[PDB]
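Only one chain comes next, encoded as structure tokens, the form solved without S-adenosyl-L-homocysteine.
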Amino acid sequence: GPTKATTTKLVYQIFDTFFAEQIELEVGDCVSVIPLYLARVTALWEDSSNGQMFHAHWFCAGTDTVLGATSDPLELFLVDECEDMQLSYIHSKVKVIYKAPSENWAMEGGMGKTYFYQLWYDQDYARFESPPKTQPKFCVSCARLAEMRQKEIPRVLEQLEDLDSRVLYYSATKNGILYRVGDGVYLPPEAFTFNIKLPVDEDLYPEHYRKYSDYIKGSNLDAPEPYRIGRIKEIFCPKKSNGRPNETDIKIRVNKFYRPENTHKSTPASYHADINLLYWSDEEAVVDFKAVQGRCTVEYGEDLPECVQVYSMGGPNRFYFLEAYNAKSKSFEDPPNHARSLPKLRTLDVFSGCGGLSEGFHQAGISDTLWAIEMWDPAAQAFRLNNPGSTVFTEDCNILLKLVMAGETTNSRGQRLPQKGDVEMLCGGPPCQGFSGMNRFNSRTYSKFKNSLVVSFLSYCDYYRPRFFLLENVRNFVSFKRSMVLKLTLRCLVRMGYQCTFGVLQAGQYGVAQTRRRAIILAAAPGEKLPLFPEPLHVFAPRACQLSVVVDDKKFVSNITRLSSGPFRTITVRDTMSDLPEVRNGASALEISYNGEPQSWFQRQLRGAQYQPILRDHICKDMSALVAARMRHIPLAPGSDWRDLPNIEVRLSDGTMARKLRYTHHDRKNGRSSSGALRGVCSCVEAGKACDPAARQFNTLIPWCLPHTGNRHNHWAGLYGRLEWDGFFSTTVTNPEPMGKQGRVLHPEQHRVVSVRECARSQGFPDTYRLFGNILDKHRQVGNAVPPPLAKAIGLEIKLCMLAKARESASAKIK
């Protein structure tokens, strides 16, 4: 059975009613204004001709934030909103306090009635942050709004030369980024062009009529192109009629760079190439400075001090070129000479799994997971196999929390439990089963107790008061129960005094060939910086990139600006597993050999550089003889699934002949097929009638349940579905089942289900990452994990915050 959630008293009185059965007049004075709105009087300076005036810096009541009615009815939030008001609208002086965190805040975990505030609120991004420290009327909202309007205006600097038609400059600046002549720029795909010029037989296939959408899952036909890369040759402004430069119409000239897929050698040229490889060209373009989407580093390869592979991993936006590309000669050249020239956090991972989140955090260099809690024994053993210096408690998290909230210091095994002050960062993905939209029993006690573990996680965060807090869940976490779970999580975090925010990320935008949307809740201690969410690194299909959240009919987006394009191309199924040798249905050989070297950039990243020929976990589930014949009869065309299975009699791998599915009832919605045949397999096709417990047909190559219930299940699109080489995986789940809800798990060519190795590669796991158990345990460990590249992007975002805080401390101490 499931254990009830351990709570601190703070967390208890917020989630109490939801998990009932599952938890165990002077400047500086605040006034009220008839709508009442609570404002702070920032200045009482009498403006003329309009009576006595005053500047009102508005408060936002917590009920007007994303918290809603979950909020404290006296909590206010600072907002960047103010305006000039008459004095004939002030009702009376109201008392507002600033509840500041104590110096013992990191240990306040575990233990009037006037208006108060403790956090500033960003209403677009739902970001609760520490009150901004803007040092001086002096409206803070006005100062922040000014210092914001003055960083988005592109401005030239360091005039280089003055001709008669245009003024050249050496530098420009835009959105706080500085560009110089010679830097690399990102540009929208539309910024410049390259000189290179770019009937079914309804009686044999009776379920084909259900493919009438033309939409193909995991298809990369509509993904946008990555950024155009350029090198700045000339920053210039055109002169006006007054003979002086137009400092607002800033133009740049650019040497174009080719990607290998941009040359006459098309997309196939990208299969083996480095994801950041370019070709210098002598072609030039002129764009507007407004079009620049970011700065990037484009270096000549064989003039770098280290190896180009060591340069590529050093920082973001790093590209190199070794050769030039003659377009209309369609040749490759040597480039011309005018083209050549902190202590890690202590981390506690609750619901660790095999360790995908810890792996991504480790490769971002921010964290050292010293403690992991994981009840399932195979996943905990895999964590131990991947983290030899970590402590893994193979125990219910509630039991361990109860132990630590007393002076236990040690569990029944002799494992030293973390105490307050020891945990610097708390991360975890609480169980998703009760939140996942695939779960059609989410109102039952099993899913109730699964969902109640969010309260356990928040109680951990309340007790330990870590510097940073990360909650990962499926996308459906943000909308489950009218977003009440998310609202209550954010309410608990604000009540603790955390700066907090939430968002939805797509894993495919960070370097996996998989669509996987995950909700992320980030929180930081009062003295910290609140991390931003990471910018997408890889372009991905737009249908898989729906990341906005509607909470009480209000839309919330993350801070991400790279909506459409990005620096790198998409990872495909070919990039993922094209190197792996052929294998059969039911593979059981754990350690085998690779039949050669890695064939793509992604495979090179996942295997490493050193020659290690031992490939592990290239094992496939053993499907029955009927399922095997079905997987043999799935054609290789992209978008092939059960719906183009043949309705024939098949001599199976044993002494058994699969029969033809009989169509016994007239489906009125689907109508009759062209041959006059019926399309229903049970009496329930008629609206308002019970199933006949005799229409269930057995041992058919076409599964009977799929036509039985397809009309209300999107025709079971994707079931017995093959992957395509040019496309991406669907969401990797704990068990690849051709008849599962997410059942597009068939190899592009081999008559088998995807391998454990291929599922780990869809999740961005290093080939050396150890999994444990039988094949089902390995599939579940892989399908539960956070994809390490996504956790790495988030970790780099937190590293930014750590470095920022350290630098401000060092500047404050070396005055």
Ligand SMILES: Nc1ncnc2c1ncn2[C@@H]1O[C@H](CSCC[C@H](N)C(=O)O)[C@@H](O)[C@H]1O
Contents of the next structure:
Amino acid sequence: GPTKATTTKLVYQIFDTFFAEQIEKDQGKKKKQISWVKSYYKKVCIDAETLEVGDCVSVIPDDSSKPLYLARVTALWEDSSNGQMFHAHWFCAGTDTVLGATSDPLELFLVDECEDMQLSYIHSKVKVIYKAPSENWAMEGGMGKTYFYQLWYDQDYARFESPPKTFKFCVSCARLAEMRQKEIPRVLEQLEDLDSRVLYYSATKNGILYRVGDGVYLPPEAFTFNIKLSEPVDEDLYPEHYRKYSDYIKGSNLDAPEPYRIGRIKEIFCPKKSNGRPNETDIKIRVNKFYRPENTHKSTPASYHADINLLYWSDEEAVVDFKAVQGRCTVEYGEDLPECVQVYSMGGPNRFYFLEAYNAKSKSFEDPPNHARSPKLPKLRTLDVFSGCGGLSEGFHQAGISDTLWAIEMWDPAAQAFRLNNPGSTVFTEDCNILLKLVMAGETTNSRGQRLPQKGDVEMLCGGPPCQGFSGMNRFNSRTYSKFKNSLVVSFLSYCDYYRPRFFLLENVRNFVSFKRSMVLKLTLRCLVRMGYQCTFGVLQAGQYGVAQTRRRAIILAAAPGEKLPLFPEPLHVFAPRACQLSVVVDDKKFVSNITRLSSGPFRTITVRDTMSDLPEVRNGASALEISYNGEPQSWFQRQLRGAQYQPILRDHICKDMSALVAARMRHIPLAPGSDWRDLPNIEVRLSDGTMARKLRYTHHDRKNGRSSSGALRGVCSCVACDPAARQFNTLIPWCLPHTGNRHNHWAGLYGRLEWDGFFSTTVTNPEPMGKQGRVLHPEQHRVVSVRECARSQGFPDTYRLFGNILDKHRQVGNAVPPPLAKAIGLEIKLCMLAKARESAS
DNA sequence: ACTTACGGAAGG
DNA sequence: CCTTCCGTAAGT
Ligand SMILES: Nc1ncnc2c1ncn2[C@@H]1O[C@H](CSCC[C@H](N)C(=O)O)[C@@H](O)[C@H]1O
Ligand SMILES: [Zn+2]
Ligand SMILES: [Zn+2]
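Next, give the form solved in complex with S-adenosyl-L-homocysteine, keeping in mind that what was shown is the form solved without S-adenosyl-L-homocysteine.
After this comes the whole thing, all chains and molecules, with the earlier chain placed first.
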């Protein structure tokens, strides 16, 4: 019996209906509808009432889909031909945003939608008040029908942000004009005038300044290098091989896009027009190419041991239109920098280095020529709710922004792992509801003599509520267990409301944005905007930020009104197109995050080979904890995880002890990519212990699948439900997968083998072959993926201690957030705090 | 403590 | 029509 969630009155008032039993109280044309007081500006007008500037009015739409429109008058000028004009800056009602019907009917939002309009279209004068956060907004934990507005709404990305504090002065007009000037690339600093073109030293695009000698990303189609590029099985032996007709290899990186084409700008020129003057509309850049290691004559096999940010210089140049440039990088000579390249790589984002030049004609490496050489903030005190082993906390710690001073996790192994990993934090082993109810009163000491965090002592509240009820792998979500699992979101929001931290982060599975027609996400956003927070939501792919594993996780961010709402991080590593589906459809509206890198990215994809090609071979049912490395790291991922320190001890290289039948099943699965249970031979086998494996028998005709070529049947039960003795044990082929494969996508990926060039599927708590996520066997060895292999799939450093038995270690590793993803989010928050500090300084 | 049998909505 | 994927009761 889980304990009910304790909530403040504020949070309970919104979640009252959904979790009723789980919480205990604690534009188009318009219709015309008339006197005065180049362009003459006057303060007031008389439409039977004294309309002025700064007060909001209403506009009646012709269509009946929207009841009425609300606008704000910004200026009142007179036009001769048009008539009496005024500039209307529109409002978005609460029932049209992402909040849906959840928002109260008296909530309005600012938007960047404005236009000129005639005075006859005004229907009535409506009072709208700017509700603002109080001076004690940080200390409001736990507490007439006119329209009020408090937040500004970005429709494309579904963002809420505090109103921007900045003669017909319209904020929307200025912002849109800034956008128009942002999109157009503009050129400056004339250098030399030539007969057929003009030379320019610098240029500007989207607020980024490009100069002769910088680095530029280009799309994979921008140019190309000079190097030239590039049976019916027996139905008796494999009765279930006919199910491999989809011809879609799971976890394949073959179709992944290529990374960005890096280059160095050599000159900027414009072609002279027919009038003898430069054309500032088309800008043509000449760029020296940079060979990636997989672009040389040595193909991808050259990108197994090489650094992620390594390139080769070349003397081949190309011409590309300026609009194709997709960013800026710092491609600097490796030995030019006084510091080592290892520190330089982490010195800043978007940094590449080259050390040797490449010649395509002779396919040889030379010394790059002479001209190619080219000669604080205090960390936020953090409370982390529902931590576990502390993936998010570790990511933020290595991002350099946070400092986890408290934790909430009752499960003993996870709590002790958190204790071991963060020696300076106080971890509570209790229920979140009990601790919150205790801290409502000034208890300031729990039963174990630990100090609870007081109001004003928490600055960053981060965590992820249990996602076992939200996930799609959960067939029982209407039971009490799943409901009480879902109800912890309300407890998390209660902590957020009570403490009022500067930043609030809620992580969950992707299905969180679609559970019960996205009712939970909508309710969370409504609570966040009712608190007074600036909240945004999105879906991030874990595999695009450094890990070798597909994991789409929903992130909800919020910041205090004085703060700035962080932008979602930009992808760094390319990933398979079928995996990067980050759009969110809520109430038939499609929201996409501010992420612009949708196709490609700077760095290349991380594969399984880069993850676990250095771990020594281990046998099934391993139990040794401290083993020794048999070799140095053999990739960038392993070199980064292990570190430059001399540690020859490997921990947590253990695999679950599978029985004899499961070992025999995982022994007969071939090593070819895309292999799973479907091609298991149907032959009698002798297990490790002395016991016989029967042959699976098909006694019932399969109507939907028909009969095989040999005439044998395909059904295994009376389902087309189960008679007694229909189940058959001790068979190499499992019985359940043939029994119910027709209505479950033929159980693709069960007993599956990872491929070296592929990627991990979404890691779960228990890596068992027969689970819904079943692609767990090693690419070569006949065993399940070890604990260390799983932790590397999640990007955990090899020096990240885990506590408990093997099942508890697997649960800790599979329940966490990949530290690369948390590091990216922390870097975005670092940018936000740096901007706020810079604004505060001057 | 361990093993197994597997619903159904969303997005292309 | 195919693919996703923080797993859970039920049995043993
Ligand atoms: N029947 C049950 N009733 C209540 N909790 C249970 C339970 N079965 C398992 N649990 C535990 O509930 C945990 C998720 S809720 C526990 C975390 C809690 N909110 C906190 O303050 O830290 C799981 O780790 C699980 O170990
Ligand atoms: Zn305007
Ligand atoms: Zn059956």
